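This document opens with one chain alone, in structure tokens, the form deposited in one PDB entry.
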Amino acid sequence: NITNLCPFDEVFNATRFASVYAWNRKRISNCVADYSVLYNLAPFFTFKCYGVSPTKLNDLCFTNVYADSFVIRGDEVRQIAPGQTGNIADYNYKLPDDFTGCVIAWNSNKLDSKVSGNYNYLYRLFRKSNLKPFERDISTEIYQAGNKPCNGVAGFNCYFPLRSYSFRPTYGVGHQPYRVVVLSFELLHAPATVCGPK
């Protein structure tokens, strides 16, 4: 008994979407969530829920929904699945192997790819240990290998952790930008706050 629409237009229709290592999080609560509205927007070529039954989802209440958003490449969308190796599922954004949520990834090469490359999306490349479930590495320190100390320079054995995606419109499907929004549903023992139309 809430009778209020959730602000899904703030995580699916935002001007500045997110970064890879600085993925945005907008927790939703105390509102009615009708996921069918997602079928009227741009064609979502990737809608793979993991334990959520995407079809007939309006008839399901949720306790705490966490909507995370970021932008990745094309061949790296398959790493947002719960449990996978690679480069962004180990040092940028990793999901637990209990993820009862939905990953919606849509191609954004129409507005997130400019001439000579869009360098406004950075992804982490060098990190000591693998990223733990739901950890955001907002820090950027010079990755000094544990052999010889380094300083604020760049050389043969000393480099920078973050890299720069080059989203050019002359790239085929796989290197084009893709906006990915993951909805994590708690569904634990607690009074629910987000339900559907019923």
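Residue numbers count along the first chain shown, from 1. By rigid core we mean the largest C-alpha set that fits within 1.5 Å across both forms. Compared with the form deposited in another entry:
Once you line up the core between the two forms, the CA of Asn40 is the only one from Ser129, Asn147, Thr170, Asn40 that shifts by 2 Å or more.
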The other form holds:
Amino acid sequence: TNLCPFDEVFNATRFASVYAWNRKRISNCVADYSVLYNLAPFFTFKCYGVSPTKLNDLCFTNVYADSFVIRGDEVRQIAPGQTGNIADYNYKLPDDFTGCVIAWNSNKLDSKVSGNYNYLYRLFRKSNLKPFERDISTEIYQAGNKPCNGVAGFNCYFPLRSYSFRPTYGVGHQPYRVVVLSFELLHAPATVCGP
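Could the form deposited in another entry be given as well, to go with the form deposited in one PDB entry?
All you get below is the one chain by itself.
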């Protein structure tokens, strides 16, 4: 009975930014997806490709858990074939994605009266993101025709901005924690299902 920790993923004391989402590899496991309903009314639990209805009895080579925090309005953008700031510049899912997406509200933890500026996101970029790609570069975006020279100014903006969460915000502006589980089947012994 080797149970690898989804507790270090779902119950982490702190999550990551959407532009710097955390990826974790999980293998050699007894994967128990049956007991995951231990969160405060978790609004979103949607699986694509694999049926959520007790289809946990299938053996996978590896699992990836990707964790980040967004606001309530962009939770719809974590899905195949979606367009937006998060879907294009921060975190992109493939059109043929197979896996699950779990999103739950986090107002009681991530919100502060004076504002929570820790969480950031990317607002400007030259081109969209390839599926499952990450960008961390902080080079300032160039909108005009003159060189930026690494200094903010006219038509030269810092690509990263902050959410600045507060407890008095609306439901659509409140923080939401998102975990994406991605399943692979490869040419390998595929030793991650678990009874």
